[PDB]
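Q: Since the structure of chain A is already known, use the hints to place chain A' with the ligands on it.
There are 2 protein chains.
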Amino acid sequence: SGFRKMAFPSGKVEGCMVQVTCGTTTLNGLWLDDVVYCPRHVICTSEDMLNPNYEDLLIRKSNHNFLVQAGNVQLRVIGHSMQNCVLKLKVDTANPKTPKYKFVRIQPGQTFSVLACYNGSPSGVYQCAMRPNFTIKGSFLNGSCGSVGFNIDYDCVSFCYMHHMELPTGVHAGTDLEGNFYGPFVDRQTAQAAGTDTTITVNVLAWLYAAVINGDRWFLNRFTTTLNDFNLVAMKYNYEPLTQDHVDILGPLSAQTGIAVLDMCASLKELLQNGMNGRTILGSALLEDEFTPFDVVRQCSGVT
Amino acid sequence: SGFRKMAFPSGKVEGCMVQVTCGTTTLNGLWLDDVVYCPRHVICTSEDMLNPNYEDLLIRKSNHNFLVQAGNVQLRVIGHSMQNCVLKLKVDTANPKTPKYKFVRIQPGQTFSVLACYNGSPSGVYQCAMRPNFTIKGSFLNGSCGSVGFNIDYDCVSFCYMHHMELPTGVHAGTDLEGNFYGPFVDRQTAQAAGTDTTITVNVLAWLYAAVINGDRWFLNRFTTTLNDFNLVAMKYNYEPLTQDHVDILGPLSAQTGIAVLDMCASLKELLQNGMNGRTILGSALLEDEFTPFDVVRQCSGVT
Ligand SMILES: *CCC(=O)N(c1cc(C(C)(C)C)on1)[C@@H](C(=O)NC(C)(C)C)c1cccnc1
Ligand SMILES: *CCC(=O)N(c1cc(C(C)(C)C)on1)[C@@H](C(=O)NC(C)(C)C)c1cccnc1
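Protein sequence lines, in the order shown, are assigned to chains A and A'. A prime marks a further copy of an entry chain.
Numbered by the authors' numbering, the letters in the first sequence go through residues 1 to 304 in order.
Numbered by the authors' numbering, the letters in the second sequence go through residues 1 to 304 in order.
Bound conformation, chain A alone:
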């Protein structure tokens, strides 16, 4: 029993974290095989950050201008290429600690673990969700760029996120490992506002299912509802519209608890309309939406 905001063990990803310096700018890099992946804004001075022409800035740079440091040993850069918003620095040594890995682009609502790094050195690990406005509410300072978000399938590390920048609103924007930004964000110091940070409805229901499993059942009521009827209330409360796909994905949790998905929707509907009334579900005074149905099944069944 007990339910916690769990991150994947970072060990496999710690072994891939390196320090990438270009001039006065130092940030984190991901070393998989004989390639080091980092944000392309490593080449930018504070002068450039406003309106940088990356292709033009990159012409000035050579292999020897990119200083890659793993632990306290220097890696020899033998080639550099720009793919979208990330730099790929080819080194002469394959990372001996390279795990089984994939580069996946996650959908909004999907969760991942973040290893926050500074000068290629991991500082902490926390669990995260790709917000429906393609932001993430991380904990990042300066020199955190290159810190990666990942999921582990037993021994295979699916790298989904690289951190690039913080918006003036205090939330975070980044790319997949192909350098394509999540949402409409560009690596520029410009007026960029996040959209509506809607609540991940399917994740809340999974977390309500998690609450029932762990014995927090006060919120369970005598009502059911319909997708259409629930979605009217969800719209009003800036919740994501719930689909038949979401219901199907919650099927396992529905089966294990013996609570129909639409009965749990009715309990959620009442919590939106009435609030908590000063009560807590799994030691939280608001409805947590950073646990996927998969996260709950994983944590509740003890997947290693």
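Read the hints as simulated data drawn from the structure, not as lab findings.
For identical chains, the list gives no copy identity; a pair is met inside one copy or between any two copies.
Quick list of in silico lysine to any residue cross-link-like pairs, SDA-like style, CA-CA up to 25 Å: (1) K137 with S301; (2) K100 with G71; (3) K100 with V73; (4) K137 with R298; (5) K88 with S121; (6) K236 with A285; (7) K61 with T26; (8) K137 with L282; (9) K61 with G79; (10) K137 with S1; (11) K137 with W218; (12) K236 with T280; (13) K97 with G15; (14) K90 with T21; (15) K88 with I78; (16) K137 with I213; (17) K137 with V297; (18) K137 with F219; (19) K137 with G215; (20) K61 with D33; (21) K97 with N72; (22) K88 with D176; (23) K100 with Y154; (24) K137 with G170; (25) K137 with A285; (26) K137 with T257; (27) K137 with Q256; (28) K97 with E14.
A: Below, chain A' with the ligands without anything else, positioned relative to chain A:
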């Protein structure tokens, strides 16, 4: 900017996790040098769990009855001893991945990272606090016993907690790595109730200081108070009495923010007396008390 419930990177501790089997009972073990540390209740059958005489149960056991598995290789047990509530199995191989490590006994209110393990395989990592009633609100299933709580000082792992059992109340009890239980808990299946789970006042103030740093300042008011006056309100709200030591420890946060500790106490006093009024501080609808003053300074200054 941004503030997250951060755990230490688990990599160093992942390399110390092994599977310890005694009969039908499998649980996690900590392999440091040529010693494997696990809960002594590994020797217990379900029959024993009610009223076990561990010394008498242990007479029946030999070195060869303890099956230690690191990854998918078997370790040879060449000696076993019972220290309090943990078993120390001496193996013929020193753990090649043994980090710099200490065995520290933490005080209630102190925070640590937990690597939740099953069959010696790490499943997830989450940050925790030793509750003032010497319980922890972890996420643990069956076979989680031997999962350890730790703090990292750069490259040195201070092991503070080993998980032993869940109380019928759904909270968790465990030992330091000398086998001494936190609080009055015994490794028995018996009527054991936790004391009052009081709020860690100093941790809340640190987290309020963290909120101000990250730009959540709505709760800052025009009032100050005194230790004695604040402590009257704290008592009423089942908060830990705040001492001069706590004020001194918050000094750095007080200096950086330019907010006197007793002015922040006055803001907390009002939040206790008035509630949140449906608002959130650092995306939380209740007052978080699982961040130490040290945790906030660490996360806000990016210590690696
Ligand atoms: C890791 C880089 C960094 O410190 N930042 C940053 C981003 C940029 C670009 C995208 C404008 C090139 O330059 N420096 C911070 C940041 O996002 N700052 C702006 C100016 C608000 C964009 C940053 C701070 C905290 C966390 N992550 C990044
Ligand atoms: C890891 C051992 C386990 O599954 N438990 C357990 C504890 C005990 C003793 C202390 C009675 C010997 O035997 N089995 C669970 C547990 O604490 N169960 C009781 C019966 C409620 C004590 C346990 C479950 C979930 C998380 N941790 C432990």
